[PDB]
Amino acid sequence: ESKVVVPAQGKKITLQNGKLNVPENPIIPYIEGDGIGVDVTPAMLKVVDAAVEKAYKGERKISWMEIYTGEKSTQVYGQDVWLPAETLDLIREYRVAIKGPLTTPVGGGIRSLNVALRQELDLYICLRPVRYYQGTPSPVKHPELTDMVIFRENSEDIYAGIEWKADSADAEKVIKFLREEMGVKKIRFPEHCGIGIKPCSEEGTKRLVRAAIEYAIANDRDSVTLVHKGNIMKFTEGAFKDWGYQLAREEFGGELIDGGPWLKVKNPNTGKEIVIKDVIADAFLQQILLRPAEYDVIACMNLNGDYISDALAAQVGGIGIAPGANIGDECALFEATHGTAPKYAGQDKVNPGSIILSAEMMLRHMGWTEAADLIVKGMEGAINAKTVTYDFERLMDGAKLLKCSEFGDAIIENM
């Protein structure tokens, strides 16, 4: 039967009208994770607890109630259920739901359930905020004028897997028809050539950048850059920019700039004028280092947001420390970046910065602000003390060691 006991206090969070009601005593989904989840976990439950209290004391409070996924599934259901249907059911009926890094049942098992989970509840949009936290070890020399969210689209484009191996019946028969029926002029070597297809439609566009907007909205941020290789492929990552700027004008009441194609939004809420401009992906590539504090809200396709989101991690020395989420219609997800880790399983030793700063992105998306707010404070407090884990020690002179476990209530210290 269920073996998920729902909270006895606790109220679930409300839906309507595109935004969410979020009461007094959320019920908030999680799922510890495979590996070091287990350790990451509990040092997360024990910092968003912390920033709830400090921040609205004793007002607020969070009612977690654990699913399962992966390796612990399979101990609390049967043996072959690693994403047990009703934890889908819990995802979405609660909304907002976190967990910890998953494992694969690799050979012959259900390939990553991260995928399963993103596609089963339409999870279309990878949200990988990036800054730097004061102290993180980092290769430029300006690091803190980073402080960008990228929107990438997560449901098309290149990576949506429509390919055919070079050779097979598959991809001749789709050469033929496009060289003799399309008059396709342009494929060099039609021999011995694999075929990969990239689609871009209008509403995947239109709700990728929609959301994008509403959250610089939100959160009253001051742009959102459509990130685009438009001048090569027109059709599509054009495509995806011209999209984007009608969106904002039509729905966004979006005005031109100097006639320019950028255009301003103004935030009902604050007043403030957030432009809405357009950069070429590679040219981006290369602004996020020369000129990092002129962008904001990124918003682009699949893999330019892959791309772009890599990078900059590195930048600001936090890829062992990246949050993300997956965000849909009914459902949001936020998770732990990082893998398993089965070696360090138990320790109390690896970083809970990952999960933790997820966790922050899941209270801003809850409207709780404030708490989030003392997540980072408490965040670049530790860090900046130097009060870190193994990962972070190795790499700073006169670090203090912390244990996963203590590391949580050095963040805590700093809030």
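Numbering follows the first chain given and starts at 1. First, how it differs from the form deposited in another entry.
- Between the rigid parts that turn between the two forms, the hinge residue, out of 363, 305, 40, 321, is 321.
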Second form
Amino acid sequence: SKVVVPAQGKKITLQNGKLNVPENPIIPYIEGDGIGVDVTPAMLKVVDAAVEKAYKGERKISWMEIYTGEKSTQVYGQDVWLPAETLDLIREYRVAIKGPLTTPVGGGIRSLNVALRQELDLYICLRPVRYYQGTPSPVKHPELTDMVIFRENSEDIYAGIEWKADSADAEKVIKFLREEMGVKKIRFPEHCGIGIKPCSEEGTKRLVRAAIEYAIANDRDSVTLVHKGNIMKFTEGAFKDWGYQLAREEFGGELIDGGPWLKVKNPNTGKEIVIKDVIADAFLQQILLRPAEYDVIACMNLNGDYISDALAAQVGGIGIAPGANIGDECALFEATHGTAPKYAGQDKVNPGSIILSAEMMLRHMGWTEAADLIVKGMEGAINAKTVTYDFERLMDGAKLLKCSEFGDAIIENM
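Okay, that was the form deposited in one PDB entry. Show me the form deposited in another entry next.
FYI, this one's just the chain on its own, none of its partners or other molecules.
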């Protein structure tokens, strides 16, 4: 009702699990608050250059702007941070990409990013992190990191079931716990905030299955379930058990003997995928100390949030880190950094994150060539040391380009 759906262009279609993508598909994009205003123009430009190059004119993307966050209040009015038609439109057109999003404080409004993920039941947050040769890194051997994070997006403490200290609600559920559940374990039951952490069997088996399938499909070497289950037995310890169980029941997992690790034969390559677990505090060490030991990572919502950020810092890509939130009916590719308001409009930040998320998008649509061209362009530009301010600070010999210009540098190395 304020979106102008393109005259030329045809919806992607979901024909029983598989995506039927037209040659002129309408992809919705949410511009993004803050630096979205800079990074997004850079991505439409390089995706367009990459599908024109790959398919020689045959295919073209019809971009359709939809609204969430701060720009939505300037379009639908002050109170609408998340319009109900953005949810219908993403659902409808099947794949979408977005830039960074401002959630307001003071309004009782929960994270708009998390909101899109729960509202549209996009239960897979998939964050790939690998090293691009030549980016500055804090660590000695970032080239050893090449991991894929499958982070659960629909349950854990992120469900947002919590009550204020001294509220009536909080007073009521603490009474139920102490009186009716007989809990003698809250150190200070007075002035006490309360949060609920749910972890169900369906929620974790659907994420673990996506994780192992991804491993089979790209014949990755292993799947590590990380958790803190020695302390949280019935939510995080349930997650490692339900994941070993699904590997044994649905993928023919077998002990590498003695336990606990499982072998899964990839039906396609003949290779074995090891299915293992590491406790989450030790994991944060093991990714710094032995990165080559790890590959596909399956984990619950809070832990995957931390593991992503941490893995991203080490390979030197906190501003060129892509991501996706995938469910059964649709997907939303996103820049994974924030809105950086101090730089907005200055054309200077790194468009690399939202760009590499459009190669994930292009890849997901089956436009694999367009997509391989974007990562070709990326390695080209970085290796050219034809880089944006964030990378240049840390490099000797680089040429500083603006945001729009690193767009063009990616197109030149295609």
